[PDB]
Structures are given as C-alpha cells and as structure tokens.
Amino acid sequence: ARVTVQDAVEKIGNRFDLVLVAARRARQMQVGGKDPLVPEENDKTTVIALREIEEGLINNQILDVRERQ
Amino acid sequence: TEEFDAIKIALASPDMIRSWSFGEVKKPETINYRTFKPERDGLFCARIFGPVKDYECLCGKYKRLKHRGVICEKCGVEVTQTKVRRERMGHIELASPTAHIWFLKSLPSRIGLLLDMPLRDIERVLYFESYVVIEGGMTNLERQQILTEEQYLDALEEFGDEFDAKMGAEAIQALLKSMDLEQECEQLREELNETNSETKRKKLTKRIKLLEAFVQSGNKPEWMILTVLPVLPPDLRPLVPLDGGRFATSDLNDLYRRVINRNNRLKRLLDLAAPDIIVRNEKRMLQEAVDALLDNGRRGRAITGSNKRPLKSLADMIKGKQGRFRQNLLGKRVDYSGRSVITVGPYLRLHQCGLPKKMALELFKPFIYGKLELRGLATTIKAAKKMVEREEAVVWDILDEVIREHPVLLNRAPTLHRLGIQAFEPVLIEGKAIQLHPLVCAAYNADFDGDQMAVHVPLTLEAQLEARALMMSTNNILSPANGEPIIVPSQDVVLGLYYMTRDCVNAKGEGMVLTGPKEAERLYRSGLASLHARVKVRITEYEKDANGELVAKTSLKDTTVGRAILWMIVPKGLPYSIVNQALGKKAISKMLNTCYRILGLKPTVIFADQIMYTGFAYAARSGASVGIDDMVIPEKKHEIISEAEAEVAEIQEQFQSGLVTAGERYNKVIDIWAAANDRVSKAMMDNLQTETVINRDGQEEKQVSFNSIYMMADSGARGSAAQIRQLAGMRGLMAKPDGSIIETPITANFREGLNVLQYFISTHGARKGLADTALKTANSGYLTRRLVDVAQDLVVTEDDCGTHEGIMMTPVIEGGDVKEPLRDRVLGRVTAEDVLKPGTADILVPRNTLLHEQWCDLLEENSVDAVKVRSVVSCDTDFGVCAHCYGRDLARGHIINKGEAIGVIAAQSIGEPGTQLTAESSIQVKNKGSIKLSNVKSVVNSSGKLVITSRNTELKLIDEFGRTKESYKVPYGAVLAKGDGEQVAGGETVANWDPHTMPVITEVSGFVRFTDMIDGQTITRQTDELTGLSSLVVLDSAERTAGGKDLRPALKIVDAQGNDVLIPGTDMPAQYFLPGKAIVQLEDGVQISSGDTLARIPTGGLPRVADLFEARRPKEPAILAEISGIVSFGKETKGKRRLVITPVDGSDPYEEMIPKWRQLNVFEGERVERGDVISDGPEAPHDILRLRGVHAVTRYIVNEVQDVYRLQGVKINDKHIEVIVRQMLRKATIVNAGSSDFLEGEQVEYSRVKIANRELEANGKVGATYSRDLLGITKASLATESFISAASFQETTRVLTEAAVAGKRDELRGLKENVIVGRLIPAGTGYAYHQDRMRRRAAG
Amino acid sequence: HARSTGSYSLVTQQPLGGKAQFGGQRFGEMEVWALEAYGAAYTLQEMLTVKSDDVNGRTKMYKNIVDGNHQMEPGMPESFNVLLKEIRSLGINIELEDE
Ligand SMILES: [Mg+2]
Ligand SMILES: [Zn+2]
Ligand SMILES: [Zn+2]
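Going down the list, the protein sequences come from chains E, D and C.
Here the first sequence is numbered in the deposited numbering, starting from 2 and rising by one per residue.
Here the second sequence stands for residues 14 to 931, 946 to 1125, 1135 to 1376, where the numbers follow the deposited numbering.
Here the third sequence is numbered in the deposited numbering, starting from 1244 and rising by one per residue.
Please keep in mind that the hints were generated in silico from the structure rather than gathered at the bench.
It cannot be assumed that every hint is accurate.
[Unchecked claim] Distance condition first, Cα-Cα at most 20 Å in a straight line; then the derived DMTMM-like pairs of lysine to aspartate or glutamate:
| # | chain 1 | residue 1 | chain 2 | residue 2 |
| --- | --- | --- | --- | --- |
| 1 | D | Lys233 | C | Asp1310 |
| 2 | D | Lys996 | D | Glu1236 |
| 3 | D | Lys96 | C | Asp1341 |
| 4 | D | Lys21 | C | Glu1321 |
| 5 | D | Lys21 | C | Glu1342 |
| 6 | C | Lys1262 | D | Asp329 |
| 7 | D | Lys398 | C | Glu1321 |
| 8 | D | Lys384 | C | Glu1329 |
| 9 | C | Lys1328 | D | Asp413 |
| 10 | D | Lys96 | C | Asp1310 |
| 11 | D | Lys1340 | C | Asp1310 |
| 12 | D | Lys96 | C | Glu1321 |
| 13 | D | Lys370 | D | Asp329 |
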C-alpha cells in the first residue's frame, strides 16, 4: 500500500486539487476509457493514479491537453 | 439540475405564480371512492398533475415504456414517470384579493409600521366591524380615521362624491399602490434632520430602512396581497386508499377541499349579487381558510373534520424541530457501517488494522457481487447471493482481491478532535474483534476495557482518494492543536526501551571491545554477554552537513550492548548521542521530534514502527513483574509517625490550657502533618531509588536501582511519584465535603491495611472526584459545541492580503523567570517587517518569511527580544483570511494551503483538551543581572532613595547578553535600594514596602497647613498625648460622616515661613486633597519630613474559560482614564459622586459617575495617562478594546486563556484563540456619517467595502469613521449574516419573513448553508469544485 | 454488528435503529465537525444523500457497484427540490439563479 502521498502534494502544493486531478485520472482508468502509464503491482486504480502522479507523468494540464487532443 | 449559487428570495408576483402553475383545480373532488381511478380537474387529476403509476395510462390501453409522448385516446393522460406528479404545481384564481398572513400578523407588523399604523387598527379593519377613510379627497378627515356605522352613514349622505373608502386586502393593496415611496422617504429624512429624541428617532430609522430595502430590492408592496394561490402537488399531501374501502389523507387535503368549497360558494354568491354583508362574511371565511392553510394558529384555530386535533399547516411543516431542517439534515443513520470491540494486534503495520472476516464480507457484499460477476464466476446476481451464502474458497479469494488498497474509516464514539476518525488498510483476521494498532490509541483516547469502535466504508471513488491522501494514519502524525508528535510510544514500549538502555556497574562481558553492533547482537543473543554492560564499540555515524550529502564519521564510543542493539534501527541522519542516555519518555519523544524535523515523514514512520517492535520484544525478554517485596516500606516511618503524634499531642494539650485559638491550633496541626508527610515521602524515595549497593571486582559501589516499580515510575510508563508515595508512604491529608482538611491524616498505606475510618474518608474523596469529572465532561461538551458553532464559516480564501499591520509578540515572563520562551512562541509565524540586529542596518530576516526552526535557532544565537508578526486579527482580507497572516502550523509542516477551514480545527483544538481542568513584601532577583526601570519618573529625596511617584512603575532585568529575564511591577511608595545600572547579586533584596499598607509620600518638608480641613463637620479629632499619636480620619465618599459628605478636607504643604513649597521643577502649589481613610497620625506641630504616612488604604477552569469567551462583565469592573489631564470633582452628593476629567488640551465635558463605596487610588491634582487604573478589580474587555484598541484586547484574551490552559500542562498554539477573537469582533458601530444611518450596528465587512467604494470615488465622501464592538459568542453567532444559517435554529417564520421582505441574497459562503442545500462544502477537496464554478462564471 | 443494505423506516426513509433489525450507526453532528476539520467534502456528500436518505440515489449506487464501476452522479438532493416547492407554495418567490 502507498503509505504516504507527500511527494504528490509536493507536486501541487494546494494538497486539495491533488485529490481532484487524481480522482479524474482514476475515474478515466476505472471506466476503461484509458490505460495506466505505470506497470501495476496489483494495486487498485486509486493508488495507481497516485503512483502516476508522484512520478510526474500526469497533472491537470496533461489531462486538458490529452482530452482536447 | 442547474449548478447554482446565490439563492434569491423575494415577494412572489401573481404573474410569476401563474408562470409556475400548470393548471387550474376547479372541483374539490379527488377520487370516486368506488373505482379508485382519479377524477377530472379535482385535486388529484392525471391529465393535470401526472399519471399515478409509472409509464402506464389510467384505462390501461398504453403500459409499455416504448411510449413516452403519446396521450391515450380514452384517458387523456400522457404516459410518463409518476415522479413528475411530485413537482408540478397548480393554482386557484381567487375572486377577492387575499392577504398573506405571514407578512401581516408577524409580531413586527411590516404592513403596520410601513403605514405607521398600529396592529390593533389593522385587526379592527380586517374583521369588518368599522370602516376607515382612505384618501377622502378635499374634506376634513385624515387617512387613518376610524369610522363608525352611522358616522359613515351621515358622511355618505352628506358627501356623495369625493368619498373613497373600502374594506379588506383589496383596500390595503389600494393603499399600498398609491403610496409615494420617495416623497415620504425625503420628508422622513428632513424630519430626522430636525428631530432629536431617542425612541422616535429609532422608530423613524427602522421605517426608513424598511423603505430603502424596498427601493433597492425592487419589490412592490402590492405583492403582499395574494390574488392567485398555488396548490401543492398531490403526492406531497397524499390521499392514500386504506385497505377496506376507507381512505387516509393528510390534513392539507382537508384544507384544500375546504378552501375550494368556500371559494366556489363565494363565486356563486358573487354571480348572484348577494348583499354586501353576506359577501363580506364569505370573504372573511375565505380569509380564515387560506390563512389556516398558510399558518394555522393566528385566528379562531380552525380545527379539522371530526378530529379534535389542530390540523398541520404549511408553516408547521417548515418551521420547528420535527418539521424539517432542524431534524432533516441533522444526524442520520448511514449504510455500509459496522461496530465492534477493539483489540491490540501488535504485529500490525502502523498504516493497517485487523478486520474480522465476517464483518468484512458483510460490509463489502455488493463489491463482492460486482467482482464475482465481472470474473464470470456467476451468471446472474442471485447466483452471486447463493455463492456468498455458501461461502466457497472463490468468495474469500475475491474478497482478498478487492480489499488490497481499499481503505476503511475508523471512528470512536466521542470524536473530540479530528484525529477521532482515521483511515486504515484492513487485514483479514479470524475472530469477531477489531484489531487496532497500538500507537494510535493515544490519538483515539482508546482503552481496551470493553470500549467499542465503529467502522465505515467510503463508497465513491473520490471518498477513497480523500481517505488515502488526507486522512490516512501515517499522514496525521502531528496534532493539529500543537506541533508535537501524537504517536509517541506510550507505556510498554517505553518500559522496554528504558530497560534496554540502562547500564550496570558490573555484569558479564565487562570492557571487551567490539567491532560493531552485529557482533554485539551475536554476543547478547548467545548469552555470552549481558544486555547491559559497559563496552567500547566502533561506530560509523552519518551526518548530512553538506548540501544533502552524508559524511561518515567513524570512532570508538563507550556505551552498553543494549544501546548498540538499539542503534541498529536508528536511521542514517541522526547523531549517536541521541541514544546514548537513559532513554525515558521525554527522551524518546524528542528523538522522534528530531527524526521528523531532520529526515522527514517516511523515515520517522518506519523508525517509530521499529521502535515499537524492539521495545515490545525486549520488554518481554526482560520479564518485569511486581511482587509484594518490590515496594519497600521505609525503615524510619514508625519513628516519624510517633514523633509527629507526640508533637500533635503537645500542641493539643497546650491548646486545652487556652493560649491559642482553635483556628491557630488547626493551622499548626495541618502544617506539622504536611511536613511529616514530606519527610517520610523523601525518606522512602531515598531508600528505594538508589539502594542497589552492588560490588565491582574489589571495593563496592552504588547505582540507580533495578527495582521494578522504580523502573515503572522513572521511565514514565505508568505512575508518578505521588502514586509511589501512596503505595509506600503515608497517603497525606484528606478533604472533608466542604473542603476543610481533617486534623489526623491517613498514616497507613495500601501495602499495609487501612481501617474503617480512613477507608470511609478515601471513599468520600473518590466519590467527589468522579462526580466532578462527570459534570466537567458535560460542561466541556456544551462549551465546545458553542465554539464550533460560532466559528464554522471562517475559511482561508486568499493567499496574501498584503498589509503591513501586525502584533508585537514578546515572551510572557511572569515574575520569577521565563515560563515560556520566544522560540516556541514565534515558530511558524510570518514576520511583519525585517528585524535588525542590536546594531542598525544589520537585517536578520527579509520581509515576510515563514519562521521555521532554522530561523528560530538563528534568533536564539542573537538576542532578538520582541518580533512584530502578522496576526489573523489584523488581516486585511475580506470574507476570510489570507495564508500569510495565518502561518504554517498543521499536521503537516508547510505554509497553510488556500481553502482549509481553520475555524473548525481551531474550535476543536481549543475545546477537546478542556476536560482535565479543575505577602509579596520584597523583590528578590533570581539571576545576576542589571536592573532597569521602565515607565517611571522618580524624585530623589534626602534619605537617598529613588522615590516612586508613579503607580504604573515596572522593574525589569537585563542579563549579560541583553535579554529581559525577570520583570516585576513596583507600586507607588515602595522603598527602593538600587537605581539604574547597578549589578545585583543573586537573591539580593532590591526593594521593600509594607504588604498591607500603601503609604502616601511627601516630596518636600515644612509645616502641615489645613485647608478645608475643618474640625467636626467631616473629620473627628481623636488625638492622643504629647508623643504625637492621633486618629484624625479623612473618610472616603462612602464612609464620610453625614455632615461632612460633600466637604472635602485638604492639606497644603507649607514651609516654616508659611509659603507653600512647590514640587521641584513644577510650579504647581501642592494642595493635597487627602484621600479616603487619611489617618493623620502626626498632628499639627511637627515639622513634616518628606515621606510621612498620610493615608493607609487596605475562580478558574472551565467556567472561567467559558466566561472569558462569553465576555461577561465581572460585577466589579475597574475604571480607566479616557484622556490625560487634570481630573476634578463636580456637583456633590446626588447619590453617586461626579468626576469630570478636564484635559489640559482637550475638551472637558467627560463626566463619570462614581458610587459612594469606591475608593480612589489617584489624587485630584495628579497627571493621569489614558487607561490608567482608577479603581482596583477585574476589567471587562469592552473598555480595553474601546480605549487601547484591538491588539490590547487580543493580547488580554490570549494571556488569560493560555494561563488556564498551561496551568494544567496542556499546550495549545495561540493562533486558534486568535481566530476565535477575530470571529468575535466582526461587528462595528458607526459614529460619523456620510452613507449609513449614523448609529447602525454593521459588520466590519460591509463597512470596509463601502469605504473602499467611497474613497475610490474621486468626489467620494468625508467618509465614515467607525468604532469597534465586542459581542459574546452566543449572541455574536445569533447575529449571523446568512438567513439560511439563522433559520437553521431560531424562529424560522421571523427570519424567513424578514429575508423575504428584504430581498436578501445568500451566497451561502459557509458550511451549514452548503450542508442544508446538499452541495459540496467550500472547504478542502470541494473548494476546487467551487473554484471551478467561480471560473465558470464570466468565462467561455 | 454490521450492515451493508437492509430494511428502511416507514415515514422517514432512514435505516432502522437497533440490533434485532439490522440498523445503522448514528453519524452525529460531532462526526460531521470532525470530517469538516479535514477537507473531506465528498465523503460528507455521500454521507448525506447516497448513504441514507436518497432512495433513487441509493438504488443507482447499488446498480453502479453491481456493474463493477465505482462512480456516482452528483446534483441537488431531491429533498432540497421538495423544499423549493414547499417554500414556493407560499407567496414567497424563491428562484434558482444562473450566471
Ligand atoms: Mg474503555
Ligand atoms: Zn388509457
Ligand atoms: Zn492577511
């Protein structure tokens, strides 16, 4: 289990819209419109989206560019 | 559903009501009672309101969902979902315009005062007993003239024309439409400019405000009278058919049927042109029916058909507890939740929790079904239920698979603070008990004695993400109240670690040299060396001294095996020194503190877990127990007891002879018994503490004992010195019911045996204690509820307001020493401006910087004493606070994030800890330093003393390196020894004064001359013989004799020749008005020396905190000065003596009444400063705020609350109290004019926005100067801006009517409004959502 | 004791209280304040509508879970809409604004 989200909050310092972007990503992941960019280790889609956020691949702007594309 | 905000309320116009309505309900029938099909227009009609059952017509021709717009040819009902029958409204067209009961009969009658005509008259008019002449043209009669029958008759016969009068709501509407708003408003403004009298000016200002509210909102008065009346959807007032041909109906059905009946009868009577009397009666009857519908109870209380119970009107459904809001959105039972008993489970990780199989299956049932169907193990859902009720291996595998990362919420019944709910990852276990991680118990206040815990499951995805990010246990290690760690090891862990680190003089493996910890473990685990034995070990510590690089330093330290074994866990960054000591509770706590501050979160978590495991393991290996011989009775107890008994016997016998009162004997016995108790306690502690005299190789030695009970005491695991005393010493003195202390103490202890009396006494004690705790808890709960209620809406909205204002914060040095240092007091606050070294142009801190540990450390090496820091109270932001003014402090370390609701966290942090709260002759410098006098003006006399002539004189202490250690307040008349500059040795007497005596000191010499000092009228000469004793008494205002009440005796100080000698440097003729109780001992005939004595002048805890927060005037307030300058007396003896403060510069006319009993501390001819004490006693916050201003009152509140809280040793950060105070003073009162009504209580927010407007306008205004007001939290909360939040709990009818008439607009801005409306709170995760909607307006 | 879903009460459609009948835990006002101290807005949202009182909401959430997706569909609580109709039933114009 991912015991700390400290690096994800260091990516976006509000610590609140972090939850929103991670929820949007994990909702695009659960209802299978999209695919994970990280090799999953039997995590559920919430911890997958946090693991993706902490690695710098996804934020709000990447979501907006990919959605309009 | 639209995404909205800003809920608007106003009078409904008849055309808008026509807009909402879908049809007219013409007949009152509902259903045929024979065939249960509904009738035509009726009250229940399918073609108007909707189909009764989903997607199927009445006659049963069309039943399929395939049809969605077809309208059955037989029954004209369209096929749609029956839910629409729940929202469609109807309407009834009334023939006679009818009044709205709420806007007329509501206690402040808005029709009444709008027309400036009393309510009695309106009632007189409405019931048709008398007429009123409304605009009777060019005759001799006014507009609110009451007319009798035959006076109306003779008027009509005389005046055929130019006579217009009418009756009822139509007449009232006529009066309202023809009223000229602006002409009356301007006339009223002129009148107010001409009129000066309190009550009429108040009624006029209320009325003008009402008119203004109408002219801005745009509501026209005529809408208060109803013409069309809407009718509620049928399903909300159902008419259900009971089994057995009978029907059950809501009362609204009865009221609607009666209203429709009476309306139709009135229609026919109108069509028949019936006489006026009958139509008037019918219109009245329709009034009762309608107003009973709207609000039943303001009339003859129209009861229902054949039931004697009063029927429920609309207002009853809305208003009141049982109806709606107060109960509807307040405290419900939720789903997917369970509850059970908690258990230890040490093997768990900090971020996990043991969950029973069966509970997990029950909770996650629907997840199980979904996943089972996804995997194809089950064709359909019923097969999933059958497979779950068999419970095959596949079910447990799927349950295991779904559970991996899904977090659950744990809650414990009294959720005092936000750490009462936390999320954990579950691990499936056998059994029916929940397993809870030990470290978090302290946070929950959980105990394993039958306490139970509740477990909730977050359903939606956003909830899951929120739980894992914000609420998870590992993310909450710091308490939101104060910064210190919460998860510190509690009792077993600390005991084990204590055992591990303590060393022994001689053991197995003394003095061998080890190459590292690994062979230390080899040695200990193989039994070739004792777990604690002094040894030389080579160790490599790491230090990140560079920019994040670790440098290995490797050397030989002298330690124990145990300390090395412990060192194995310790993360890289920490110095070895940390573990080298005894390692008790405090040591472990500060270890965790340093580990967190240096390394960060994750290493701290893992290190805490490691500490737990090793502590538990080695505590178990230790084998610590408690035997009867472990508590050693001190050998010299019996002697002490016999001696104290002999002493009490001697004092009692010497009492029976009668040389000492009973009270004195009581005091003596109590004090000697206390001394004996302290003696025995100290002897027992000496015996037990260091008694192990064990031998090394040769001679012997002694060391800190290994007595198991002593280790439990010293480690801080359990027990304090007091309980050790209670076990092995005498258990001290006891208190009887009233609080008085029994003369004979309890000499026995629990190791020995008590006897009946002593036991009985302790029983009383324990009973009283427990009852106290009970009532304390009740009072706490009540206090915290008020706090959280009042401060809920405050949210951090802006990043930085950009103000330069701030409060100068100093370390509070109460008397002897520095109770609380600066560093902790300033940590995490941003600075208001750069502070300079003791040498100018040496900037130490740039403009606003967050003061983290490094800056704080920097400040201690230098000598900064006081720092101006931005405070929340002075923050400039409108409708919330800015991040910078607040600071950092959180469960996390960084500056506050925009959006967090700090009000609620502050209220909880101040409330929850509130459940464990129940001579001065000479100054003595404690530490060697220079003495410095502040705020004083002394005059050296002949004796060579620095005579103190100021009542507000302070004596602080500068140390070697420029810091104020000690501070004392030196009163007027205290003999001084050392002046300024002198270095004072340790504990040397620097000042002297009489404790129960304040002498009045003369500055010059000469003969005492009597002025207005007449003998007999106001003073009574009782004088003694030659030696110069007297009893001349200059009495105070209360105690002055009956003849000398107004005659004020005075003493002018003249010299031997006669001329009044003048005070040095000033020309003032010294005319000393002798104050109250001026005992003139030295009679006339003795050359006065400089310093002759002229006049001798002789709760806490929860209720105190609640009282500070409710701002209650403490019945004896001290009095202050407004301006400086010569005070003077005035018109004498009216029953309260008058004092008029005369400013040397400013205007005179400030009079203050003074009761007779009050004694004055200042002389008439004295130089007062503003806000100096005039009478002694507790000051009410209002005066301090008004005179000294905001920062003074906020400092006052913070110091008195923080005193109570620290007295119990509970640490709370000041920011929360500051936030509360800021919420307290939201309101101001206008003193100047220009845009307001010159006196209205208005919130500071509206004042700030209007001043910003005015001063932005180039012409603008002179501008509105204001004065702050302080309101108590209960009333202050009651004065809530939001109409929704007000309606949430007070009289609903009143606020709803007020907001409806005022056209008020609610942006909801708060927590409770958003809850009520069922949308996302604007705090935290939903802030962004709302932020999005704010971006959504005025965008593309 | 634990419950996932079960019988609800007659008049106010909240789950029964008790142990004999399944019965849910009492989410009191103090717990609301605790959650509010955190930024937990969505948890409160489900707690107020989807978890207890909203009939259509609870069945929709059941169906969504059964389908193997874990989302939810937001909006104004119907009880709130009922409130609008009841206040509007008086002579009071209360409008849902838009921008
Ligand atoms: Mg317990
Ligand atoms: Zn049909
Ligand atoms: Zn600010």
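Q: Run the structure past the numbered hints and jot down the numbers of the failing ones, going up.
A: 1, 3, 6, 7, 8, 9, 10, 11 and 13
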